[PDB]
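Here the complex is missing one protein chain, while the rest keep their positions.
Letters are used for the chains, namely A, B and C, taken in the order the chains are written, and counting of residues starts over at 1 for each.
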């Protein structure tokens, strides 16, 4: 019943982070937020130039090797362990592998009660937001806007194309069982 | 004829910075961007706790003393001097003093050709964006959303309430004389 | 035998973060880094103004309530779980409660093989570094420089007062069993 984890998925610049900060502000109980971004931050800088690490193409492409995956896996188990320990966890991710990515998460989550959230945004609009924020390799937003959701199942879907972050947060919070 | 300076004015979280980065990306010639934020960054940290410096109330209020103003003034003259020297300058400001603030700028600009831009956004929406970005004292957006424009004259007015940054940028760029 | 976790402890501005980035660069296998700072980053912003959250006095003091501790605890278990899952983890912390803080960690770590590192630095020197970095409430460095180590047991002790970060990293890496 009680929601233990909220997992958001969406392409770059779709507005996930904004929603996450809004959720932490809205939800009455403290929710810890982690994502692919905080993970990369925690990983050694050299992981970004390693063969089986993560590579950012000059055109927005993203490649993930086995070195990166092995680490992500251990990190995923720890996040889930935090939840089982009683910490409310929000996860901000980008399912580059679509359904396969969701399956991987299901693999670690087990029978833990999770709220699967889909965060959509039109590719062109996301691209514009990408330009507006100045901190992102041009090309990611467009490349991830749709592929990332293929075959993925959600409990709640919000679209930031015409909805503010705080509004999407309200929509998501209503599905969070205390 | 040729536009030398573009001066944007709007309350916190109205979307100025995003527009500025979009303008720099859109406009063919290189435009340098400076604002009240880069200025505070360049000022000594202690200016933020000084009597006549700048004080950020715990509720979003902002007070500016004479120490801060004297410095801002010299900085304003330098920015204008950069323009007269041939650098295209975009300025991102918050006219806390409404029309009085614009007059001060007119004072430094002289006969330099400037494009005065107004950046509006509904207070409640800006407040939500304030929460979404996690980096801003709650209360500023609402407090500045309207007062900042009172008696101020613009050449172009854009509203981010329902327009993306890149779109407002297109509207502004069209008024920029090469 | 194989070192699973490296736990650094030291006052603010003692140089922990620099050492951590050096360790990640030096150590051949990928090491994930988390600390009290990344934790606060992951916690809701409001935790910083909550009764039992974390409060930063205007003079450098730091208070931690039960709300903050409960969360930290669940986070600690997750970090350890990441280690047991095979991820090499570096932790950057500040034992405000001296020995009591180390005991708490021992509580979560169990029989996991950990490398306890002490990072010292003269109070006055740390204070200067605090001023130099511009991002830290004046007063923390001096307040934490010594109290934080009282009754704490280390496997390796480095002092940044006259040693570069990369050098302290070499000293620490030598004690890391592959």
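Odds and ends about this structure:
Here is the rule we go by: a residue touches a chain if its C-beta (ideal position, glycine included) is under 8 Å from a C-beta of that chain, and two chains touch if they have at least 3 such contacts.
Taking every chain of the complex into account, the chain not shown here touches B, C. Checked against the hidden chain, the listed residues C:25, C:48, C:63 or C:107 yield one contact partner: C:25.
Touching the chain that is not shown, out of B:6, B:47 or B:121: B:47 (per the contact rule at the top). Contact with the chain that does not appear here is found for just one residue of C:132, C:174 or C:177, C:132.
For chain B, the list of residues touching the undisplayed chain reads 21, 24-25, 30-34, 38, 41-47, 67, 70-71, 73-75, 77-82, 85-87. Panel shows chain C; residues 18-19, 21-22, 25, 125, 128-129, 131-134, 162, 164-167 of it touch the chain omitted from the view.
Methods note: only the chains that are shown with their structure count from here on.
Chain C has its Cα centroid 40 Å from the Cα centroid of chain B. Shown for chain B are the residues that touch two or more other chains, namely 134.
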